[PDB]
Amino acid sequence: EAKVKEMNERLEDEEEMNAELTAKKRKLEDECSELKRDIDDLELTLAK
Amino acid sequence: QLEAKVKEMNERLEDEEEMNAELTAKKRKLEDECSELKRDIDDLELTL
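Chains as they are written, first to last, in the entry's author numbering: chain B, 927 to 974; chain A, 925 to 972.
Hint data in this document are derived by calculation from the structure and do not stem from the laboratory.
A hint or two may mislead.
[Unchecked claim] Using 27 Å as the maximum straight-line C-alpha spacing, the simulated BS3-like pairs for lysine-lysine come out as follows:
| id | chain 1 | residue 1 | chain 2 | residue 2 |
| --- | --- | --- | --- | --- |
| 1 | B | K953 | A | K953 |
| 2 | B | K953 | A | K962 |
| 3 | B | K962 | B | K951 |
| 4 | A | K962 | A | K950 |
| 5 | A | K931 | B | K929 |
| 6 | B | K951 | A | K950 |
| 7 | A | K951 | A | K962 |
| 8 | B | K951 | A | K962 |
| 9 | A | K953 | B | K962 |
| 10 | A | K929 | B | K929 |
| 11 | B | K974 | B | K962 |
| 12 | B | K953 | A | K951 |
| 13 | B | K974 | A | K962 |
| 14 | B | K950 | A | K962 |
| 15 | A | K962 | B | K962 |
| 16 | B | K962 | B | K950 |
| 17 | B | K953 | A | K950 |
[What the hints assert, rightly or not] If you only want the chain B side, here are some residues facing chain A, beta carbon under 8 Å, derived:
| id | residue |
| --- | --- |
| 18 | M933 |
| 19 | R936 |
| 20 | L937 |
| 21 | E941 |
| 22 | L947 |
| 23 | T948 |
[To be verified] Beta-carbon label-pair distances, calculated as ranges:
| id | chain 1 | residue 1 | chain 2 | residue 2 | range |
| --- | --- | --- | --- | --- | --- |
| 24 | B | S959 | A | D967 | 18 to 24 Å |
| 25 | A | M943 | B | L968 | 35 to 41 Å |
| 26 | B | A945 | A | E969 | 34 to 40 Å |
| 27 | A | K931 | B | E938 | 17 to 23 Å |
| 28 | B | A949 | A | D939 | 16 to 22 Å |
| 29 | A | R952 | B | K962 | 15 to 21 Å |
| 30 | B | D956 | A | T971 | 26 to 32 Å |
| 31 | B | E938 | A | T948 | 15 to 21 Å |
Cβ atoms here follow ideal geometry from the backbone N, Cα and C, with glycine treated the same way.
Make the full structure from the sequences, and use the hints.
Set out below in structure tokens:
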């Protein structure tokens, strides 16, 4: 009965850890998109 | 019955824990990529 409840809890935690770490990941995806455009557009005004 | 209940939870934990394992490995490379993109800028801005 114990290992049953214990594994229930961990499941809810892993299901939510999925959501959490992906919001962390996403913030880095967003950043890595933006930083690239800021690299590029700077050079896109610098270029000759 | 309680061992069956034990089983599909152990099993589903393995699915979940690997999704979560992926999200942190995906997270690593994105931290690293952000790193170098942030570099490319801060080097380049030292002439503006």
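Structure-based check of all given hints:
1. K953(B) / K953(A): 13 Å, holds
2. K953(B) / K962(A): 14 Å, holds
3. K962(B) / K951(B): Between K962(B) and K951(B) the Cα gap is close to 17 Å, so the pair holds against 27 Å.
4. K962(A) / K950(A): Within the cut-off at roughly 18 Å; holds.
5. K931(A) / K929(B): 10 Å, holds
6. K951(B) / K950(A): 7 Å, holds
7. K951(A) / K962(A): 16 Å, holds
8. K951(B) / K962(A): Distance of about 17 Å is within 27 Å: holds.
9. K953(A) / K962(B): 15 Å, holds
10. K929(A) / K929(B): Between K929(A) and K929(B) the Cα gap is close to 9 Å, so the pair holds against 27 Å.
11. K974(B) / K962(B): 20 Å, holds
12. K953(B) / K951(A): 10 Å, holds
13. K974(B) / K962(A): Given that 27 Å is the threshold and the Cα spacing comes to 24 Å, the pair holds.
14. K950(B) / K962(A): 18 Å, holds
15. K962(A) / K962(B): Between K962(A) and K962(B) the Cα gap is close to 9 Å, so the pair holds against 27 Å.
16. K962(B) / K950(B): Within the cut-off at roughly 19 Å; holds.
17. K953(B) / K950(A): Given that 27 Å is the threshold and the Cα spacing comes to 12 Å, the pair holds.
18. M933: 4 Å, holds
19. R936: 6 Å, holds
20. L937: Holds, about 6 Å.
21. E941: Holds: closest Cβ of chain A sits about 6 Å from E941(B), inside 8 Å.
22. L947: 4 Å, holds
23. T948: Interface hint status for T948(B): holds (6 Å vs cutoff 8 Å).
24. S959(B) / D967(A): 18 to 24 Å: Hint holds: Cβ distance 20 Å, inside 18 to 24 Å.
25. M943(A) / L968(B): 35 to 41 Å: 37 Å, holds
26. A945(B) / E969(A): 34 to 40 Å: The hinted range 34 to 40 Å holds for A945(B) and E969(A), with Cβ atoms some 36 Å apart.
27. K931(A) / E938(B): 17 to 23 Å: 18 Å, holds
28. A949(B) / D939(A): 16 to 22 Å: Holds: the Cβ-Cβ distance is about 20 Å, inside 16 to 22 Å.
29. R952(A) / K962(B): 15 to 21 Å: 18 Å, holds
30. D956(B) / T971(A): 26 to 32 Å: 27 Å, holds
31. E938(B) / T948(A): 15 to 21 Å: Between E938(B) and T948(A), where Cβ atoms are some 19 Å apart, the hint holds.
In this structure, none of the earlier numbered hints is contradicted; all agree with it.
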